[PDB]
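One chain of protein is taken out of this complex; the other chains stay put.
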């Protein structure tokens, strides 16, 4: 398969390892800490208020609802593939398998019809 | 305690739920997907090549090293408060309810970010 | 759907929430711990050395291979219903709400267990 996905604890979400290089983006930023160094090599950037991460954050941080300037929806998406059975299905990207624990998708994410802030 | 942290599978990295509102940054973007929908409301922005996220990406996508324009290091980091393997960059943290909670508000620590 | 499945970190293995009540088995026991308490109410029982759990254990505990008395294989397995990389041993499964749910009741499939 191609694209790999990293589950995030405490939310029904995954980091898709399909990079879009050298883009600029605006929103509410959550630091990602490297635990062994304390370096911050990456940030989670929320661009609207609907999603599992938004829900979790509202619960973790009750002022954020009132402080944020984000839209409720900003429009970004991937178009979920059509159904084919006997498969392992993840709605936004389709067929999956487990490889020594890691989530691997059959398709490359970059190749589904998606829209992001830089489009 | 005052700050919650979500571990990311496959890396020694946590999402600090300590918002910095309406900032702009540049880097390599990874969609965060929800299992239930194609709607995307968040991305991971990598800002250097030495972070654990960068490192996991290279293993997964061998060609990304050639295309990225990120520096090896950006001076973004968090400093803990006033043997070393077992310490944390933010101070005391505890596993609870599927996540981690720490004893301090992240915002109270010394932290440098791209908007500094 | 009728059966829920919990992935186990680091292995291509799932816990089928399809109980078989009051059975007795023999094998190598691993405590399952809750983050909030020292109370233990469940264990993983390995029953062979070729399962993914066995394999992860060897990497973590090099001396356990010499001490275990388990066979290489026990004929416990599940058969799916009436290209091959993308299939599942139980049929259709979907990611939902942090776990997996399948379209069948596990108990309805052909399965051999130590109590067979």
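Lettered A, B and C in written order, each chain numbered from 1.
Note that a contact is a pair of C-beta atoms (placed from the backbone, for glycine too) under 8 Å apart; a residue touches a chain by one contact, two chains touch by 3 or more.
Engineer: From the listed residues B:65, B:97 or B:108, report the one that touches the chain absent from this view.
Structural biologist: B:97
Engineer: In the full complex, which residues of chain B touch the absent chain?
Structural biologist: Within chain B, the residues that touch the unshown chain are 7-13, 80-81, 85-88, 91-98, 100.
Engineer: Suppose we count only contacts with the excluded chain; which residues of chain C make the list?
Structural biologist: 3-48, 50-54, 56-57, 60-61, 64, 67-69, 73-74, 76-80, 85, 88-90, 97-100, 106, 111-113
Engineer: For chain A, which residues reach the chain that was dropped from this view?
Structural biologist: With respect to the unshown chain, the touching residues of chain A are 7, 9, 35-36, 88, 97-98.
Basically, only the chains that are shown with their structure count from here on.
Engineer: Taking the mean of each chain's Cα atoms, which chain ends up nearest the overall Cα mean?
Structural biologist: Smallest offset from the overall C-alpha mean is found for A.
Engineer: Is the number of contacting C-beta pairs greater for A-C or for A-B?
Structural biologist: A-B
Engineer: Could you give the separation in Å between the centres of chain A and chain B, each centre being the mean of its C-alpha atoms?
Structural biologist: Averaging C-alpha atoms per chain gives centres 13 Å apart.
Engineer: At which residue positions does chain B touch at least two other chains?
Structural biologist: Only 9, 35-36, 97-98 qualify.
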